[PDB]
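**Student:** Letter by letter, the chains look like this.
6 protein chains.
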Amino acid sequence: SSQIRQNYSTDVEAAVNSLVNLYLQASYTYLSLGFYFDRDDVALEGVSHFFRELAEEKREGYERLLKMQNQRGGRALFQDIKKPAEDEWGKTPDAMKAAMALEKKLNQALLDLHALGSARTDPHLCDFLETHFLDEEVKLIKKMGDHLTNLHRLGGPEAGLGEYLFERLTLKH
Amino acid sequence: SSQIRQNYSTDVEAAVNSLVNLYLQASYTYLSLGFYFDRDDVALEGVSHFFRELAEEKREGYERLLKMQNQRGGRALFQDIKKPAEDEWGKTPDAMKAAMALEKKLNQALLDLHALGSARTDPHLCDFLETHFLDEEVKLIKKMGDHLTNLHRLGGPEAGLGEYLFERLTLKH
Amino acid sequence: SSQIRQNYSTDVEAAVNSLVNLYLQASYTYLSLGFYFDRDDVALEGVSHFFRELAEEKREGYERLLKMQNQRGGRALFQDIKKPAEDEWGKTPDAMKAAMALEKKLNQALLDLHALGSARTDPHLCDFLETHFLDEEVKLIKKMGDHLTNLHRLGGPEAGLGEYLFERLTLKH
Amino acid sequence: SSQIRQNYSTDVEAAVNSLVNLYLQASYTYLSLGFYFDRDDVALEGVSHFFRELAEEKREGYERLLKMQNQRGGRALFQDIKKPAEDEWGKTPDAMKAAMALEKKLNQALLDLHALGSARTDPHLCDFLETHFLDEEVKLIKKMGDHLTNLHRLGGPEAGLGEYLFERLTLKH
Amino acid sequence: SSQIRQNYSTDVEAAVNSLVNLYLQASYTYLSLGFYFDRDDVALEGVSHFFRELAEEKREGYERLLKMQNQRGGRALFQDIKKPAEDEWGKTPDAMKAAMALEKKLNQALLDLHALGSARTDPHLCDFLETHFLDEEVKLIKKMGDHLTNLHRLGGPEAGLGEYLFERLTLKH
Amino acid sequence: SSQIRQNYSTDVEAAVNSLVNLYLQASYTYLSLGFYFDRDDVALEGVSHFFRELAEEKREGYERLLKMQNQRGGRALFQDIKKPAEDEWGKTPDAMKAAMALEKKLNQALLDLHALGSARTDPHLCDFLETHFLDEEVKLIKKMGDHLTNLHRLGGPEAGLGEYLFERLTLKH
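Protein chains in written order, with PDB author numbering: chain U, 5 to 177; chain X, 5 to 177; chain G, 5 to 177; chain L, 5 to 177; chain H, 5 to 177; chain C, 5 to 177.
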């Protein structure tokens, strides 16, 4: 019986906790991707930095969701965080594809949450998602798409050379 | 037959004028709360300042609603402003509870207006409420909730001491 | 039995509360005048700004009266605030005449309060009114008089042109 | 089969391309209005500048729509741009009325697009329109309304004098 | 019967309006080229920026022609703007070739206009074209020629790698 | 068969991965503690900030371990992250005791790792632990001990008052 709770569905509260777990798992996957590219037998600093930055971005994501949960009077409930799907992530193209699939999953979860909020007529939740999540995802997915396109353009018999050039000329280091 | 009016329901126009009266009444209640705590036999400067600041916040609220009314081609209609519910507001906890109830009433009025706008398919009104009102209310109610919790933690046989400490260590002065 | 009260008549206390209501009502009238001139079918920004500034001036007026009430040990008592006399205020000359009548009413109320204080031999009240109210009113009424004179000079068959020029060349925008 | 496309209706994609053509046509109309008032036999610099600035505003509009189209995975499709409705635009009042009608058409197209997005449950599109278009239109239409009101106030037997004063005292030059 | 018109042929006036339409169409083609390279499945930022900058350059071109038309007493006449020749522009080399052909067309139109002005003994028109157009075109065509040469040097079995390197090392981003 | 691996036991490699999981779990517990104290019915900002800062500290811990793992040629292996032991953490004293027990567990794990490294004669590992972990833990545990002592000193019948004062006067906010 939270003293501040108003127009906040128990369904949305539960969905927010689920989304928090999804972001914790996503941040975890990027942590893994980040250090994989830091291995001496992979060594692509720009790629490592790219994923480590995304791990931080997802952390800000669940921290923002957690803050909002408390602002609305909801109660945070944490569950085990599932380990990443892979121990090794292949080459840059393979890793970027995995990252892309992860973002699409996150984006669908955000869209599902927004639809749920809309169904429960919760304009504050809608505004929150639109302001801090929806466009951020679209921009990120667009960026990954651009990266995949350039990596594919740099593929072929000399993909190794291409992978090196991409990390050196497109990614920050 | 306003030359600029477009997709602005007469129902929303009326609801906006009603909301303006609600904010005028809210600002009035905070003016009363502000000076009550300025009385020599109450003397809690931090509490007085807290409510006087909220009176200013509600004023900005109705001024923004009034500006929007004109931007949409609506016409402002003013009614008598009902005096505050109390002449004396008790102790800090009692006043904060009254303030909390007032904000919840304001917030429900905002949610009702948003639902009305949604029913009349008025995206500009929705955007306006989400940008300048909805989150402001949630943050304020959360803050009042935190205050009530600390005041309750400082209650008991030495509530007087607690009330003094709260005004001195939590509220601005 | 206020511990600080000294030489403060219950009559003056009551008159101060009445004056506070008069100023709240005056500020309300200027709020209405301000937004009326902000209407798309009136659109005289300089005039709107002129009245909105006066609304702020009257607010400072009742806030000062309220502060003084507490300094003297009096107790603020609020009543309903009567809505403005008009929903639409006509043209600049009509609005300025209404504003002038309002200020003369306020000024007479201040003079009546001063006479009451003088009759109850309350020099602090007298000093308060002379320092923060009496000259402010005289200057404002003089200014409105000057405005009415120029508006009358700009009247006639081309009053519309005159009204535009006055707002553009005399009023701030 | 865009690799980044997610929750983006082919209907919205098509409507966005249509809206882009509408903005290209609007920018074109303002280009025409801008130079018409630059003619030696019209010569109203402030009016010319007003419309030339709007031409730039509409350009930013279609460029933003185009950028969003690509962010969502949609594909830009361009069509012929219809020439302006008039070769000569009359006097300031006539031109401002045409501009007003154009903005109302643009605004209705934006509202129609928003309704379409809402029907296809596309919160990103909604957020995009609310953030960069809806309020911009309302403010602009309000401004044009104010201009028409002042121009009408300056009309009559000495409309020429009025038109000159308006360009000199209200419009930037 | 323009009061300022002097030594300005109706033929040149007409040719200037035609050239304005040609530049509007050119700017339109570059807008299309610009966003095509912004597609997630093309993603060559440097190329996108190159063409978007040219779209701005052509806009300045027709705006300058329009200004001159009015300075000479001529009257601007706008026609429909034909859509770009292609919806998709292929790879960087294909797009640059299209851009080159477009510039050569523009340049021939400028040379034709200059010859017309020379035939009508209009030294002001000649000076105008030489000062703001002729050398700008020559420099641009030279630059595109250099680009095509480098792109051809980077062609072959690993053209994809070449295209990426060109965008990264020659074009601005 | 890492090309850089030298004097790095597979046992230490495994223990480092285990320790990384322990730190991930610790950071998770502090995230939970942090937001629990952010609840409107707990509301102790200084306490919330204290734990949120520790969550960041543990993150830096596992990131440093991960970096070292790669520097030595080891391979990071991630496992599920167990959720925190409690959903609600009681009062400040209860939470600080839990935090203290957690740090002692972490410290014992560090001491066990150091003993393992010593047994495998790995001076680099020893130096790493001494430089970035051992003293940091001792200082933190000392600090928590001091906090528990002051909280106990502030206990009794007016523990609520004590808890408020501690958060206000000892913890940062």
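I should point out that these hints are in silico values taken from the structure, not numbers from a laboratory. Among the clues, some could well be false.
Said to hold, decoys possible - With a straight-line cut-off of 25 Å between C-alpha atoms, the simulated DSS-like cross-links for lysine-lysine are: (1) G:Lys95 / L:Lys87; (2) X:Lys176 / C:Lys71; (3) H:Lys95 / L:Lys86; (4) L:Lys87 / H:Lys146; (5) U:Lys71 / X:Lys71; (6) U:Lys101 / U:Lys71; (7) X:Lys71 / G:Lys86; (8) L:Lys146 / X:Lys71; (9) L:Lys101 / U:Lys176; (10) X:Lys71 / G:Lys87; (11) L:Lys147 / L:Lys108; (12) L:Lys146 / U:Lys147; (13) U:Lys176 / U:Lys86; (14) G:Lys95 / X:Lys87; (15) X:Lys87 / U:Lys71; (16) H:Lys176 / U:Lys147; (17) H:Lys176 / U:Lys143; (18) U:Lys101 / L:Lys176; (19) H:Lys87 / L:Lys87; (20) L:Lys71 / H:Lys146; (21) U:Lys87 / C:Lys109; (22) C:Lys109 / U:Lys95; (23) U:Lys71 / X:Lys86; (24) U:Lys176 / H:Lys87; (25) C:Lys176 / U:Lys86; (26) L:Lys147 / U:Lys109; (27) U:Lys109 / C:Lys176; (28) L:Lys95 / L:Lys71; (29) X:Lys87 / G:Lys109; (30) X:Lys86 / G:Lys95; (31) H:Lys146 / H:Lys95; (32) G:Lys71 / G:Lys95; (33) G:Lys95 / X:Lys109; (34) H:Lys87 / L:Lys109; (35) C:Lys176 / U:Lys87; (36) H:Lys176 / H:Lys95.
Claimed, not checked - Cβ-Cβ distance ranges computed for the label pairs, FRET-style: (37) G:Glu57 / H:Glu60: 26 to 36 Å; (38) C:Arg68 / L:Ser6: 51 to 61 Å; (39) C:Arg68 / X:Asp116: 48 to 58 Å; (40) G:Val142 / X:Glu90: 32 to 42 Å.
C-beta atoms are modelled at their ideal positions from N, C-alpha and C, and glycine is treated no differently.
**Student:** Under the criterion that the straight-line Cα-Cα distance not exceed 25 Å, is the pair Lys109 of chain C, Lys95 of chain U satisfied?
**Tutor:** Not satisfied, since the Cα-Cα distance of roughly 38 Å exceeds 25 Å.
**Student:** Could you grab the alpha-carbon distance between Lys176 of chain H and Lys95 of chain H and see if it respects the 25 Å cut-off?
**Tutor:** holds, 18 Å
**Student:** Is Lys109 of chain U within 25 Å of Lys176 of chain C, Cα to Cα?
**Tutor:** violated, 39 Å
**Student:** Within a Cα-Cα threshold of 25 Å, do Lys101 of chain U and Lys71 of chain U meet the stated pairing?
**Tutor:** Violated, at about 31 Å.
**Student:** Please verify whether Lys176 of chain H and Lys143 of chain U have alpha carbons no more than 25 Å apart.
**Tutor:** With a Cα-Cα distance of about 21 Å, the restraint between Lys176 of chain H and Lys143 of chain U holds, given a limit of 25 Å.
**Student:** Checking one constraint from the list: CA of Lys71 of chain X to CA of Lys87 of chain G, max 25 Å. Satisfied?
**Tutor:** holds, 19 Å
**Student:** Between the alpha carbons of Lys95 of chain H and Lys86 of chain L, is the straight-line distance 25 Å or under?
**Tutor:** This hinted pair is violated, its Cα atoms lying about 30 Å apart.
**Student:** Hint check: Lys87 of chain X vs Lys71 of chain U, CA-CA at most 25 Å. Holds or violated?
**Tutor:** Not OK: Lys87 of chain X and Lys71 of chain U at ~37 Å, beyond 25 Å, violated.
**Student:** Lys146 of chain L and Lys147 of chain U were given as a pair; does the straight-line alpha-carbon distance stay at or below 25 Å?
**Tutor:** Violated. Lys146 of chain L to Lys147 of chain U sits at ~38 Å, over the 25 Å cutoff.
**Student:** Please verify whether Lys176 of chain U and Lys86 of chain U have alpha carbons no more than 25 Å apart.
**Tutor:** violated, 29 Å
**Student:** Run the distance test for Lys147 of chain L versus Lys108 of chain L: straight-line Cα separation, threshold 25 Å.
**Tutor:** Status holds; Cα separation ~13 Å.
**Student:** Would you check the hint for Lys86 of chain X and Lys95 of chain G, treating anything up to 25 Å between C-alpha atoms as holding?
**Tutor:** Judged against 25 Å, a Cα distance of about 30 Å means the pair is violated.
When held up to the earlier numbered hints, the structure conflicts with 1, 2, 3, 4, 5, 6, 9, 12, 13, 14, 15, 18, 20, 22, 23, 24, 25, 26, 27, 28, 30, 32, 33, 35, 37, 38 and fits the remainder.
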